[PDB]
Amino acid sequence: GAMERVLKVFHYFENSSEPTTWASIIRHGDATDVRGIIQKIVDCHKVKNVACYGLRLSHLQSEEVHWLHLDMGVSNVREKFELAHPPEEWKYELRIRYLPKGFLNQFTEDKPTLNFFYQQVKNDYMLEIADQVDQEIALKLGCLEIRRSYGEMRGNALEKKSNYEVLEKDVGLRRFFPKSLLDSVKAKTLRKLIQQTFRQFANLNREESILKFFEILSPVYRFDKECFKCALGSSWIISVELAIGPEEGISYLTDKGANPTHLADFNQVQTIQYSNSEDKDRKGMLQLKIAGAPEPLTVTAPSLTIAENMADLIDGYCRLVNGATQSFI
């Protein structure tokens, strides 16, 4: 390596400041690769479920996402993407990606991870679906974040004017609610609405807020799996939507929402390979060898990147469901 420079690693560990600037500054003195990065950050917050974390590197003016292999070096990852577009244009982001066979009730015994998964999922929701979600769902969730964030106030503190005033004037309600929720109705009505729908969640501790936050979020937001338009077969090729998740392993969708067809679980995987598909075109092959089955499970993805992502994903789950630190690619 040449420079040598900073690398700001944006994370979802709560730091009582501003969730946009939650990041670890990881200087030259650590580590040498990616499995390095993660281990430094997770250990600061004494994480149990280390298997579940991954590093995402995305350009902040495009939607394409790059999951970084565990062993791929620090400098040579930087020196394949970063060095083409002025370095201050990439977002390094630590994320939970590989979920256990019952994540909520497991993250429970691991405070640091539960808050992390909460924050991450909360941020997706606030960034993607909060504005065209059913508005009282938006109400229930924001109140729940208030209830969580300020664990020390009695459940009827917002009843007092000066307390609501603190949330409205100083911290800003946009921190809990989507722009549309606040602009839709009069401010005095907004005040009454918040206090009232708060009444049902007034009594809950931090965990219970989080759990009910998920409970209320799950029937309207996908966060328990990832889905991929792709193809299957090594000669005859069929378009399918792939669901990859803890509760149905690797499955396909048709479409939707018929009981998804389970293909393979994560313990049944042996190897993972990916190519530039040649043939030709910049598409990506993916090939899974599965215990018992003779011919491998081929997957044709629209781009190389998508396969490199699908790989990381099954790669991540194979590691977790086994007990391995060595990848399966």
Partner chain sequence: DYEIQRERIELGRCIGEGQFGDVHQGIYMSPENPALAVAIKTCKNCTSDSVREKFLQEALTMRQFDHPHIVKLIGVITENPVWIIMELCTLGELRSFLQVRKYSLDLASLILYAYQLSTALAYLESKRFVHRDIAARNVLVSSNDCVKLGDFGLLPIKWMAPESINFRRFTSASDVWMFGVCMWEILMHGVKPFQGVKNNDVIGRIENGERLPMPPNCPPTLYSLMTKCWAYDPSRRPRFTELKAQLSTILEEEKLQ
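Numbering follows the first chain given and starts at 1. Note that the rigid core is defined as the largest set of C-alphas that superpose within 1.5 Å between two forms. First, how it differs from the form deposited without the partner chain.
- Core-superposed comparison between these two forms: among 187, 258, 238, 127, the single residue whose C-alpha moves by 2 Å or more is 258.
- Relative to the superposed core, residue 31 undergoes a Cα shift of 2 Å or more between these two forms.
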Second form
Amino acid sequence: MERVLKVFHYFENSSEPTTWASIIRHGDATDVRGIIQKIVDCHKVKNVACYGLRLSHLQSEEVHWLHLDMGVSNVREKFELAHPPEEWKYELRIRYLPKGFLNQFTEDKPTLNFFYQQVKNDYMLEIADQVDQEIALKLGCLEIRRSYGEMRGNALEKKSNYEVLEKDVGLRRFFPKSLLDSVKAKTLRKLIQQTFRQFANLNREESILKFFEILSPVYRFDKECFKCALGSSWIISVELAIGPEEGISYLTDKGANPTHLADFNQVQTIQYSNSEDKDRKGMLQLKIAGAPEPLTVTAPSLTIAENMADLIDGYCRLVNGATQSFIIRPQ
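Let's compare: the form deposited with the partner chain bound is above, so bring in the form deposited without the partner chain.
A single chain, with no partners or molecules, comes next.
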């Protein structure tokens, strides 16, 4: 008949962020796109095409993006053959960003906060500990400014208000442990108070937007990179960079600008598979208009090739008012 699927998401709902999730039902007809739309609709999302569904094993760092066209039951059965239900986590995420996403998300609050919560969650989990003091202070303060909109600008100056944050709430919800430790609870309070000073005037949207501006130079949430090789005859190892601002590009120097290859709106079709020999590598092929030869990509594994295909498929769907997948599969 039908099954129940728990999907974690980033729509702030007064409670523990880790518990932000939705339970949805699905049948043999239900597909990934269907699940995504159902959830974003209950939150009045306007930029639906920006959302994807990522699945991960709580045990390892391996990630699997579920293709919008695939059936939920089919995919759920496949992975449950590898590991049982409790070791899998399905989370709704924004993956396909429109050209000037922050500016556009401004007109879609539900999605501005969602993107903010997701990116903030990745910040606290991956680089919060090893990031500059000033940054962890600014970013942490901005969140306080945002989470407490109706609070006075100099309210933190009053030791009791701060004490509520240190005792009742927990500064861990805003700053990294490598920050709360490397400083005196007295020096910390003063550092937080004066840092907050500069963001006291900002409103929620301004706080969110300011948060991104500060995080971007030390963390990229506007693109995904993949180490792989290009070519069909003289394979060349490179690092692909895929995002709204550069479409499909490859890295060269460090701080240099990625070199453009193609725009998402030039992609005619996508196809992927296993290496045609004794190899655990995945092949990805893109037919691009205005390009004589197809772009052939050789990724470390089939999983990566599949994860890349979803990224491009999702982008092709976005730049176009497309609802049709651009991936070629055995009919």
